[PDB]
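*Asks:* Here is what each chain is made of, one letter per residue.
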Amino acid sequence: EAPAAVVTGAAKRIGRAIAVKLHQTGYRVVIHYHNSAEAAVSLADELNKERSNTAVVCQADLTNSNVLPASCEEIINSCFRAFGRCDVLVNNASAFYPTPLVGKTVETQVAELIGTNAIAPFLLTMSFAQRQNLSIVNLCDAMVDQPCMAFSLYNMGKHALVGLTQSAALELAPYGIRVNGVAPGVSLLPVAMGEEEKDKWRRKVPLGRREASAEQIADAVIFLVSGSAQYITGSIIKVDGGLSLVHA
Amino acid sequence: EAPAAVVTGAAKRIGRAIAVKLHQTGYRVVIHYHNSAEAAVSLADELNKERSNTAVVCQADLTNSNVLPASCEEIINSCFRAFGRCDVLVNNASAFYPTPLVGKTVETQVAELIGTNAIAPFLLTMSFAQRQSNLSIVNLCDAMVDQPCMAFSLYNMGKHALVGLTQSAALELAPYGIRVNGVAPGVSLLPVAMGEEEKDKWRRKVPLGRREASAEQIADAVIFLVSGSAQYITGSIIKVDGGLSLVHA
Amino acid sequence: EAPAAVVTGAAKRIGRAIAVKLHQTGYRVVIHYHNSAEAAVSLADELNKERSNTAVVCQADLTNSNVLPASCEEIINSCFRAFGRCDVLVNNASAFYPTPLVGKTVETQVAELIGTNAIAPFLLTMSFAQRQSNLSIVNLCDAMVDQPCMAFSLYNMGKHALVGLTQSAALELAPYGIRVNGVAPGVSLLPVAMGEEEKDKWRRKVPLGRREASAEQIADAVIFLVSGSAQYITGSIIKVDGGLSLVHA
Amino acid sequence: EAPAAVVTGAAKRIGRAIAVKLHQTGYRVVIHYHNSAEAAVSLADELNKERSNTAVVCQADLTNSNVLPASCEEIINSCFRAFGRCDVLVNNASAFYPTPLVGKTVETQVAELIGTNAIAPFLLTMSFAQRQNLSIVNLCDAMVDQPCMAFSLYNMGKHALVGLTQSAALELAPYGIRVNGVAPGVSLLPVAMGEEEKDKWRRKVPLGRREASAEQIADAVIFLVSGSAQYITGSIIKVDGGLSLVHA
Ligand SMILES: NC(=O)c1ccc[n+]([C@@H]2O[C@H](COP(=O)([O-])OP(=O)(O)OC[C@H]3O[C@@H](n4cnc5c(N)ncnc54)[C@H](OP(=O)(O)O)[C@@H]3O)[C@@H](O)[C@H]2O)c1
Ligand SMILES: NC(=O)c1ccc[n+]([C@@H]2O[C@H](COP(=O)([O-])OP(=O)(O)OC[C@H]3O[C@@H](n4cnc5c(N)ncnc54)[C@H](OP(=O)(O)O)[C@@H]3O)[C@@H](O)[C@H]2O)c1
Ligand SMILES: NC(=O)c1ccc[n+]([C@@H]2O[C@H](COP(=O)([O-])OP(=O)(O)OC[C@H]3O[C@@H](n4cnc5c(N)ncnc54)[C@H](OP(=O)(O)O)[C@@H]3O)[C@@H](O)[C@H]2O)c1
Ligand SMILES: NC(=O)c1ccc[n+]([C@@H]2O[C@H](COP(=O)([O-])OP(=O)(O)OC[C@H]3O[C@@H](n4cnc5c(N)ncnc54)[C@H](OP(=O)(O)O)[C@@H]3O)[C@@H](O)[C@H]2O)c1
Ligand SMILES: COc1ccc(CSc2cc(N)nc(N)n2)cc1
Ligand SMILES: COc1ccc(CSc2cc(N)nc(N)n2)cc1
Ligand SMILES: COc1ccc(CSc2cc(N)nc(N)n2)cc1
Ligand SMILES: COc1ccc(CSc2cc(N)nc(N)n2)cc1
Numbered sequence: 002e003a004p005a006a007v008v009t010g011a012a013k014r015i016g017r018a019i020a021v022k023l024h025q026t027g028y029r030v031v032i033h034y035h036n037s038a039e040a041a042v043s044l045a046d047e048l049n050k051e052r053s054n055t056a057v058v059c060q061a062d063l064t065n066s067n068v069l070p071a072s073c074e075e076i077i078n079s080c081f082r083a084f085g086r087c088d089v090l091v092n093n094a095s096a097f098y099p100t101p102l103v113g114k115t116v117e118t119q120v121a122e123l124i125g126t127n128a129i130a131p132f133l134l135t136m137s138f139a140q141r142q153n154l155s156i157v158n159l160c161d162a163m164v165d166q167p168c169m170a171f172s173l174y175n176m177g178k179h180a181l182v183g184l185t186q187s188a189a190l191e192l193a194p195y196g197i198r199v200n201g202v203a204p205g206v207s208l209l210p211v212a213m214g215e216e217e218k219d220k221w222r223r224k225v226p227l228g229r230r231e232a233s234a235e236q237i238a239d240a241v242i243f244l245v246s247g248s249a250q251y252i253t254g255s256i257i258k259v260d261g262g263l264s265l266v267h268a
Numbered sequence: 002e003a004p005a006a007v008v009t010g011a012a013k014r015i016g017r018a019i020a021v022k023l024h025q026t027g028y029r030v031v032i033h034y035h036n037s038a039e040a041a042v043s044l045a046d047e048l049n050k051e052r053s054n055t056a057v058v059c060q061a062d063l064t065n066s067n068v069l070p071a072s073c074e075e076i077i078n079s080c081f082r083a084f085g086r087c088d089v090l091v092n093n094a095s096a097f098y099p100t101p102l103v113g114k115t116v117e118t119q120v121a122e123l124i125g126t127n128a129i130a131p132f133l134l135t136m137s138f139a140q141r142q152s153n154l155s156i157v158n159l160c161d162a163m164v165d166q167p168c169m170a171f172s173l174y175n176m177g178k179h180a181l182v183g184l185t186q187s188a189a190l191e192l193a194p195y196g197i198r199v200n201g202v203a204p205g206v207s208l209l210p211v212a213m214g215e216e217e218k219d220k221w222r223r224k225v226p227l228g229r230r231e232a233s234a235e236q237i238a239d240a241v242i243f244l245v246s247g248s249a250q251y252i253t254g255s256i257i258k259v260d261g262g263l264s265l266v267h268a
Numbered sequence: 002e003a004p005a006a007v008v009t010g011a012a013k014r015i016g017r018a019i020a021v022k023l024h025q026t027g028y029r030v031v032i033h034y035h036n037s038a039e040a041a042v043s044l045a046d047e048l049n050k051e052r053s054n055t056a057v058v059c060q061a062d063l064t065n066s067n068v069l070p071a072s073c074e075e076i077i078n079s080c081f082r083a084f085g086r087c088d089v090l091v092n093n094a095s096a097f098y099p100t101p102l103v113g114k115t116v117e118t119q120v121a122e123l124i125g126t127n128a129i130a131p132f133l134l135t136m137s138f139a140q141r142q152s153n154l155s156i157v158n159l160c161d162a163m164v165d166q167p168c169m170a171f172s173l174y175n176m177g178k179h180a181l182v183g184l185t186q187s188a189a190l191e192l193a194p195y196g197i198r199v200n201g202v203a204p205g206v207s208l209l210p211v212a213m214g215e216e217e218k219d220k221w222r223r224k225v226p227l228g229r230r231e232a233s234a235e236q237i238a239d240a241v242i243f244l245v246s247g248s249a250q251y252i253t254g255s256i257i258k259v260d261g262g263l264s265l266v267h268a
Numbered sequence: 002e003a004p005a006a007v008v009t010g011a012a013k014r015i016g017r018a019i020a021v022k023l024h025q026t027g028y029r030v031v032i033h034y035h036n037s038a039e040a041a042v043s044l045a046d047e048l049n050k051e052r053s054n055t056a057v058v059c060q061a062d063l064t065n066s067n068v069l070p071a072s073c074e075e076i077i078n079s080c081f082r083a084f085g086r087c088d089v090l091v092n093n094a095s096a097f098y099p100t101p102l103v113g114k115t116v117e118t119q120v121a122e123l124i125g126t127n128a129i130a131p132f133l134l135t136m137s138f139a140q141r142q153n154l155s156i157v158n159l160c161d162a163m164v165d166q167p168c169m170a171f172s173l174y175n176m177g178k179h180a181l182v183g184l185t186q187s188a189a190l191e192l193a194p195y196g197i198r199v200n201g202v203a204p205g206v207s208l209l210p211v212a213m214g215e216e217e218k219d220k221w222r223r224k225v226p227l228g229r230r231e232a233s234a235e236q237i238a239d240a241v242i243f244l245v246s247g248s249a250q251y252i253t254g255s256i257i258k259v260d261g262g263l264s265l266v267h268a
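Taken in order, these protein sequences are the chains called C, A, D and B. Residues 2 to 103, 113 to 142, 153 to 268 (the deposited numbering) make up the first sequence, in order. Residues 2 to 103, 113 to 142, 152 to 268 (the deposited numbering) make up the second sequence, in order. Residues 2 to 103, 113 to 142, 152 to 268 (the deposited numbering) make up the third sequence, in order. Residues 2 to 103, 113 to 142, 153 to 268 (the deposited numbering) make up the fourth sequence, in order.
It is worth saying that the hints were derived from the structure and are not from the lab. Be aware that a few hints might be false.
[As the list claims (entries may be wrong)] Some chain D residues judged to face chain B by a derived CB distance under 10 Å, without partners named: (1) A38; (2) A61; (3) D62; (4) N65; (5) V68; (6) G113; (7) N175.
Backbone N, C-alpha and C define an ideal beta-carbon position, used for all residues, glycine too.
Construct the complete structure from the given sequences, taking the supplied hints into account.
*Replies:* What follows is the structure, given as structure tokens:
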């Protein structure tokens, strides 16, 4: 039987590309979502039209709370429910917005940014491991050491996620579970963002003066979960077209 | 007027060393504590006997909660209440224990490990800036963050977040003249519950001396980072590990 | 038409697995060697037996000297002479031996270690770029560069230099469509000379499988980096170390 | 009796600041120079005026060659002959210039950039140790991982120096010798650089929109060689005003 993968925030953009490429490679997928029900099912329909009963959806808020552990336990369960196995976990879901040091309460910002980018990936990892070419891939950020201004919580989240990638690689290696990361720089920009401000970020990218397509990010994910990366663990692959190498 | 510092978890060990050294340097100190009331009060006694009206104690739980912001805001408030100013903040307080991936609830482990090592520093940092000359923050990090102990995922994630904060905070608060730096022990004072055999196993790994760092040795680097000799230093983590992080498996 | 690749030190061990896998992927290969004449010619034969006119050998000493630029210019020239193009450069050749601080002269050690591991890669990158599709360079680095073996400073200085090259070359050659990246083994193929308890000592330390990387596992990452699945990857060093660099002392 | 320091390229700018602060701390100093004999001599006189017989100068080209090892052995030897001891070694001398990938020969650029920045520090280290609060301090570069364009050989030099620092810390720790680095970001700008170009770099620095004075860099070196840094080794202290944290 075909292996099975969980992709968090898989309904749109980069997570959608991961789930599609994983499916095109022959995985059965769990498309997690929070708000994008319509887009998630739409993706599942497309994938299932290709091969019947190879894509299911799963809803969960990934914000930190007393219920988070149980939601993450159940995302992993849905993969075992649908497919009888869970070979791959891609922690892609992420909140990202500014939290100046000098309207959500700060405690809610903590809950969303630290929960989605860090704690939920920790809890999903716990449940993944407990339930067992098994690997985990975490969507990190190649700009962590040169962070966006006023983004300290988000940024604290992605650093926490780098530490979890490393800790979990060390601890889960005895179980044959590899744990790795993929770090975009500028991939798909928010439709929210202004076009002028978009081309400002694009022009900074040495390799082609453009952003990464979502497929380019998914390519790194595909490599990491493959047989070609079977000695690779605790590694984080930058996919940033040299953006992080560029001084101020 | 003498400047004033806040040191979190300052009742004993390394935070005591920081507070004492900051006090010997001429600072007034808020000794923040959680459970260690007698040790906190004993230390504020010692320091006030040295210079009257120069040490207070301040109780707070730094576990993450929806009341954490308020608690951190009050820690900073207490320094202004006592001393009319707050020049320096040392984020020393830290919970530290295993959380294996395979009777505390996981929700509580998240709250204590992430709260003490990362969210309280963020919140204290926020409160410190908004209440505002040589202003600086020093975060107690960990030199072994990239070669972590087995099954310390949460603690390690919180120390990594602390590195992230140090950097983001240094960047954002530089315009306000606040510097933000770190001090990363490898092995310093070992746990009180640890047995001497297990301590010596760690001691024997340190290239420089085959011994742990003293609390004064850690405190020395913090005192450098707050001084006028570090006036251009920000976003920097100073490793104080006797070469331990260079030693391969 | 088939693209072509240069692999330094490709007669044996890891560079040989690299050249074999490039060739299976469809590349024509220049097999560079220094002393391993017999092995190099044997490899070209096997590759050519499989697909005709797809492999040449090229001899060069990559020790630093005033003629090293010319030699490196000639290794790149040999690919154009043989195949009409040069698409891929792999910097694999490396001297590796201890150089304690406290019968080769120090002048020679500096020359072999820094030349093979850094200066030759720099000069090759220069000639490659100047002679100029999916063009890319992969340098063979070392995952233990921050946790070096004792008394291996010149070697370690060379590997660090190689990281600096990867990044500086990635930045500068980006506007030319040339990507530059790295593959950093931990313990892979273990030395001929090394005793057998030393090998098992190193093997026990590897979290993932308690074994060293096969030559082919290292080559897989090189192959990924030069493929059309890495078109946005530049200035990245991929560890292929079974988690070894994560194990504390 | 008073301890003694060797400082390389100590005649001008940053190295001169380091020599002076060491001397003010109570060190006797070997002022090394290559071309700047008048400034070296000028410093030694100033310093000997303060304290009789506490400053000497010592000339040596630090470009890589087959005589380099002998030259570095003689710099160390000069401190022993003059003062009877060599407690501190500061590796400050640095060639710095572009070497684009696409009127010196390239082999000479290699020899100057790699020799001054990396090989001479390694030979000076060998000799320092062989001859024995003992410490070495290397002048590194905060911008090593975000290099200036077309500075690959310089950048290769500074990276090697980080590795030396680490390798030397580990190997000389049993002899009680600590090895550390100080990494400037933007410090003293070349005097002949136009103020308008100087200002483009200044403006990039978060902490105060200015470059570090030489004395500011010297301050960190002073720290590292003091009794206040006695457990510190293998460490590189950035002195950069937050410059390296600033994204493109
Ligand atoms: N795009 C870039 O340039 C870039 C750069 C650096 C790093 N990254 C990383 O790459 C990954 C994917 O990036 P992206 O731009 O595709 O992400 P994105 O659009 O910002 O977010 C992806 C998904 O995360 C889910 N999500 C947000 N908040 C959630 C919550 N509270 N609970 C559960 N799910 C939640 C959302 O799902 P729903 O719509 O279903 O609610 C969203 O569609 C992220 O980890 C990101 O941090 C991206
Ligand atoms: N010791 C080392 O070898 C070492 C190594 C690497 C890094 N570090 C770092 O250096 C720092 C100092 O080390 P240390 O060993 O002296 O620390 P520690 O004794 O383990 O902890 C210091 C203090 O943190 C406070 N704390 C714990 N949980 C708290 C909570 N929920 N709320 C508020 N305060 C809490 C405790 O205060 P109360 O007693 O008053 O309850 C404790 O006295 C820490 O940041 C540590 O991570 C130390
Ligand atoms: N093997 C590992 O565990 C390991 C670990 C970390 C990093 N690496 C890196 O991965 C690469 C491959 O490893 P490996 O073990 O296969 O390497 P290796 O066997 O030690 O050396 C590869 C080739 O380098 C060539 N070489 C040595 N000195 C030379 C010189 N002066 N001039 C020109 N060529 C010279 C030799 O060619 P000839 O035989 O023709 O003389 C040799 O076959 C190296 O870059 C190494 O640094 C390997
Ligand atoms: N200034 C900065 O913004 C900055 C930034 C980053 C890092 N740094 C680091 O801090 C250190 C000092 O910087 P700096 O600007 O003061 O230095 P600098 O002016 O560029 O040079 C320092 C001295 O190096 C000596 N030197 C140059 N080539 C030499 C050679 N072939 N042999 C022997 N000595 C040679 C020169 O001595 P003579 O004049 O006597 O010939 C020169 O005065 C360097 O290691 C540098 O890389 C500085
Ligand atoms: C720095 O300017 C940018 C670049 C990319 C984006 C894409 S939205 C996004 C980005 C991210 N790093 N994480 C998450 N979750 N979502 C937004 C602003
Ligand atoms: C590696 O084995 C050790 C070494 C030192 C200690 C000291 S207790 C401690 C340590 C820490 N990194 N953070 C906090 N908060 N407390 C415990 C276990
Ligand atoms: C002391 O531990 C080891 C580990 C691997 C080896 C393989 S031989 C080798 C290694 C290398 N880093 N570079 C080169 N060129 N060849 C030898 C000793
Ligand atoms: C921002 O562009 C600059 C900044 C400072 C300088 C001072 S000269 C210098 C610089 C250096 N890193 N190393 C050495 N040896 N010399 C020149 C250009």
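*Asks:* Of the numbered hints stated previously, which ones are contradicted by the structure, given in increasing order?
*Replies:* When the structure is compared with the hints, numbers 1, 2, 3 and 6 turn out to be violated.
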